[PDB]
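A.B. asks: Here is what each chain is made of, one letter per residue.
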Amino acid sequence: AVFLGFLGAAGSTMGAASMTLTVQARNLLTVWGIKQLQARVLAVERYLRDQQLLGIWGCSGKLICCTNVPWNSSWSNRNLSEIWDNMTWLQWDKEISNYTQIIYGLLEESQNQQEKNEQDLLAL
Amino acid sequence: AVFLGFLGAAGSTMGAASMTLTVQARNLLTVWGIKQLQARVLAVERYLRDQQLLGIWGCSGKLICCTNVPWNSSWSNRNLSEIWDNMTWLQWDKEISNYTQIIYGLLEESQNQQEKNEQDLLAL
Amino acid sequence: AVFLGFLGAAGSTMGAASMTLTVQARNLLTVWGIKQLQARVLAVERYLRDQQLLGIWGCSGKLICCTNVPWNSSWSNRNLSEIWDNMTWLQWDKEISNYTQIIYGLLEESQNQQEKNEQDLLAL
Amino acid sequence: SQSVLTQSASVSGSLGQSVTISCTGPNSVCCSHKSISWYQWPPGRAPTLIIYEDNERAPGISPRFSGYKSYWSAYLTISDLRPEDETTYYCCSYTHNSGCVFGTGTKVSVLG
Amino acid sequence: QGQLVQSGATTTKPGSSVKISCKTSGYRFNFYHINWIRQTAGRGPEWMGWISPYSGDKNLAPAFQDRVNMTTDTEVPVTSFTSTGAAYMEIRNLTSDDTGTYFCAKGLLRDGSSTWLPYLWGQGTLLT
Ligand SMILES: *[C@@H]1O[C@H](CO)[C@@H](O[C@@H]2O[C@H](CO)[C@@H](O[C@@H]3O[C@H](CO[C@H]4O[C@H](CO)[C@@H](O)[C@H](O[C@H]5O[C@H](CO)[C@@H](O)[C@H](O)[C@@H]5O)[C@@H]4O)[C@@H](O)[C@H](O[C@H]4O[C@H](CO)[C@@H](O)[C@H](O)[C@@H]4O)[C@@H]3O)[C@H](O)[C@H]2NC(C)=O)[C@H](O)[C@H]1NC(C)=O
Ligand SMILES: *[C@@H]1O[C@H](CO)[C@@H](O)[C@H](O)[C@H]1NC(C)=O
Ligand SMILES: *[C@@H]1O[C@H](CO)[C@@H](O)[C@H](O)[C@H]1NC(C)=O
Ligand SMILES: *[C@@H]1O[C@H](CO)[C@@H](O)[C@H](O)[C@H]1NC(C)=O
Ligand SMILES: *[C@@H]1O[C@H](CO)[C@@H](O)[C@H](O)[C@H]1NC(C)=O
Ligand SMILES: *[C@@H]1O[C@H](CO)[C@@H](O)[C@H](O)[C@H]1NC(C)=O
Ligand SMILES: *[C@@H]1O[C@H](CO)[C@@H](O)[C@H](O)[C@H]1NC(C)=O
Numbered sequence: 143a144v145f146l147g148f149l150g151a152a153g154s155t156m157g158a159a160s161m162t163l164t165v166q167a168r169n170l171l172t173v174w175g176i177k178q179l180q181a182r183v184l185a186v187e188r189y190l191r192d193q194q195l196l197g198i199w200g201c202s203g204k205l206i207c208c209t210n211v212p213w214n215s216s217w218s219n220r221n222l223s224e225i226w227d228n229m230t231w232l233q234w235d236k237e238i239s240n241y242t243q244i245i246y247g248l249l250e251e252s253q254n255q256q257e258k259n260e261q262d263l264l265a266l
Numbered sequence: 143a144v145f146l147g148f149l150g151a152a153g154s155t156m157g158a159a160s161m162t163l164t165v166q167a168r169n170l171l172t173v174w175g176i177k178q179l180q181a182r183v184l185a186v187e188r189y190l191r192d193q194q195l196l197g198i199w200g201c202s203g204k205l206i207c208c209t210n211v212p213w214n215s216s217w218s219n220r221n222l223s224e225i226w227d228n229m230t231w232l233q234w235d236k237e238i239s240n241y242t243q244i245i246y247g248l249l250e251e252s253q254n255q256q257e258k259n260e261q262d263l264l265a266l
Numbered sequence: 143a144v145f146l147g148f149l150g151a152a153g154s155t156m157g158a159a160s161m162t163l164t165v166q167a168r169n170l171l172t173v174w175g176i177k178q179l180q181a182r183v184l185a186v187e188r189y190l191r192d193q194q195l196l197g198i199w200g201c202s203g204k205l206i207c208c209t210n211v212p213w214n215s216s217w218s219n220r221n222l223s224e225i226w227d228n229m230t231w232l233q234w235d236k237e238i239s240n241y242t243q244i245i246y247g248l249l250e251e252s253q254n255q256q257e258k259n260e261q262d263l264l265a266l
Numbered sequence: 123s124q125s126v127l128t129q130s131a132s133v134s135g136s137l138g139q140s141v142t143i144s145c146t147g148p149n150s151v152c153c154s155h156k157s158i159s160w161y162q163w164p165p166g167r168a169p170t171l172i173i174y175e176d177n178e179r180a181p182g183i184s185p186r187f188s189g190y191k192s193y194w195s196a197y198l199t200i201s202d203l204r205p206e207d208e209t210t211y212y213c214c215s216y217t218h219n220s221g222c223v224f225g226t227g228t229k230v231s232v233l234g
Numbered sequence: 033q034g035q036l037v038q039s040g041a042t043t044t045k046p047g048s049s050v051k052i053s054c055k056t057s058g059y060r061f062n063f064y065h066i067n068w069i070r071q072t073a074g075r076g077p078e079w080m081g082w083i084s085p086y087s088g089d090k091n092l093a094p095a096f097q098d099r100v101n102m103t104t105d106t107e108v109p110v111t112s113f114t115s116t117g118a119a120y121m122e123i124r125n126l127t128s129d130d131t132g133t134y135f136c137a138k139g140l141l142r143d144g145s146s147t148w149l150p151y152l153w154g155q156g157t158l159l160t
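Chains as they are written, first to last, in my numbering: chain A, 143 to 266; chain B, 143 to 266; chain C, 143 to 266; chain D, 123 to 234; chain E, 33 to 160.
Only chain A is shown next, with the shape it has when bound in the complex:
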């Protein structure tokens, strides 16, 4: 591996950038102090939003997290090889920008309809 650093693989293929995730996970968290204390609070707010989303998805604690929601071809009818070995994450974010809210809800109830299935499993 090559320590590309923070956002090192921003122009690399999505498969290459997916190997270097903990690098972007580390660096994610008087009147002028009022402007500095403002940015300090917003920093924890924008960070806890990603964690709250990851928490209600079952991905709490995961950098790579698999799910049960199957990939709708309406979102992107691209093949697997022409995604992870071709496009960059910056490109993939433009192609899925629209449907990015649709998936966030599918993950939310695929988790509630999983811990509900586990609650009935441990009821005997």
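Just so you know, the hints here were simulated from the structure itself, not pulled from any lab data. The beta carbon of each residue, even a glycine, is placed where N, CA and C say it ideally should be. Any given hint could be a false lead.
[What the hints assert, rightly or not] Stretch by stretch, here's where chain C covers chain B in the computed footprint (C-beta under 8 angstroms, at least three residues): (1) 156-167; (2) 194-206; (3) 247-256.
Chain A is fixed; fit chains B, C, D and E with the ligands onto it per the hints.
C.D. replies: Below, chains B, C, D and E with the ligands without anything else, positioned relative to chain A:
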């Protein structure tokens, strides 16, 4: 299902309200900016308290979370059907308000006496 | 057990202090309000740093958490009994202060090279 | 003398070889219900803990010294005899809240 | 990991009593027991007893229970983990059979099943 919304099942049975949890989980997180920045900080503080409690209970990442602490009849000698299919969560919070601190400690060491049992399990 | 309290086993052996962890885990989280709101924000910042580190280690939700990184004798060539039944955590922090950053990186990729191994496991 | 925990009287060895010192007694001080310690003890001077709890070495003890405890006797092997080994070795039986029930002693010569 | 210097070589005569000092350094004196061992000309080594500088607790063999006076001071803390303590040793009915070399021994650990084990020894004192 019917998208009742935020606090939609506040007057419903506890079994009905328990199915709609991620809805209340989403919506949980110059001199007047000082009063606005104050509410912004308290928002993350009151939210991380619930997460810190859930974290030291083993429920970190769960909306529904099962435990080993058995139900003491002193807390509520009500039957299961007369709770989940009768009372509302607002009613249940008044009946368990007293004993609500007793259970929070039982969950804390039932977790430490679980990860301690798992540490000896992986020691061979 | 004896409820020693917050930092009760600060001068005790590391094996004795390791049993009382949730006690230190609980108690971890106008112009003068600006100095009070400052300490309130720093409190959540210093707390989320420990959680962000625990999160990218796979220990998210654990008070005691086991790993795959084997103990290098360069860090401390002390025997197991002369550590948990002799030194205090305050002593152990001075002996490992140097190598404390080396281990934090070993935990970071031992987790990414674990969820990557689990992603290939669930790919069939 | 009145040590109820006898050893191996004496023994000899040569450079590069390994020895073995016995240590046994009645059911009142040995063995499966007691921890055995081993002390290198120059004549009336500064001793040295070698092994505690049957087979656990003290800090920094050379990997040569090894301990074993069967159901009736404990052994201290001195692998790879180095010249600085001529001394007397005493064993001791103990529990968590007792004392050291020392042994008779065993002089070990390394002349070679 | 510190020293345990003792007194000199004092030789009295039977019927009397002798006081032996044991001055510690380099370690928290309260964190480990203080054993007393002797090697006499007539037997071999004989464990006399240990005392806890923390609990003030004494445990000694029945062969020396009615003879030994065993005490400790209180540590003068040097740093967070260093101090300077002292343990004292006296005997009652003295004979020529009790002639031998005496040392103090700091315990091995602070917990477990080998907590008091005589690990760090002194230097030796020659009795009558
Ligand atoms: C502060 O720091 C001090 C010094 O380091 C700590 O004190 C040490 O604690 C450890 C463990 O907590 C002790 O090791 C134990 O030793 C006992 C031996 O005690 C038995 O025998 C004694 C003499 O016969 C006697 O005093 C005891 O009787 C009771 O009454 C006295 C009255 O003074 C009371 O003070 C005692 O506490 C006793 O309650 C007792 O009969 C030994 O039995 C222990 O072994 C058991 O437990 C271990 C696990 O701990 C287990 O592995 C064994 O198998 C066995 O089950 C254990 O070895 C040590 O002796 C203490 N003193 C030292 C090291 O000088 C203190 O704990 C620290 N406190 C804090 C809060 O940090
Ligand atoms: C894909 O999404 C559309 C809505 O955009 C939905 O109607 C359709 O059922 C989905 N198909 C699959 C296979 O999930
Ligand atoms: C998203 O919606 C806009 C609406 O105007 C549309 O133009 C755009 O093509 C959509 N994106 C994709 C990837 O289809
Ligand atoms: C119920 O709680 C009381 C204390 O309120 C306790 O004394 C009792 O043992 C508990 N019973 C059970 C079965 O847990
Ligand atoms: C809680 O304690 C108060 C103390 O006055 C008591 O009146 C009340 O009945 C208690 N609640 C329950 C549910 O028992
Ligand atoms: C211990 O760490 C050093 C670097 O400090 C490294 O070179 C060595 O390979 C490590 N050894 C083991 C066994 O991990
Ligand atoms: C840490 O590094 C410093 C550098 O001067 C060194 O003096 C110290 O001994 C080191 N710590 C350990 C435990 O080796």
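A.B. asks: Identify every previously stated hint that the structure contradicts and give their numbers, smallest first.
C.D. replies: Structure breaks hint 1 only.
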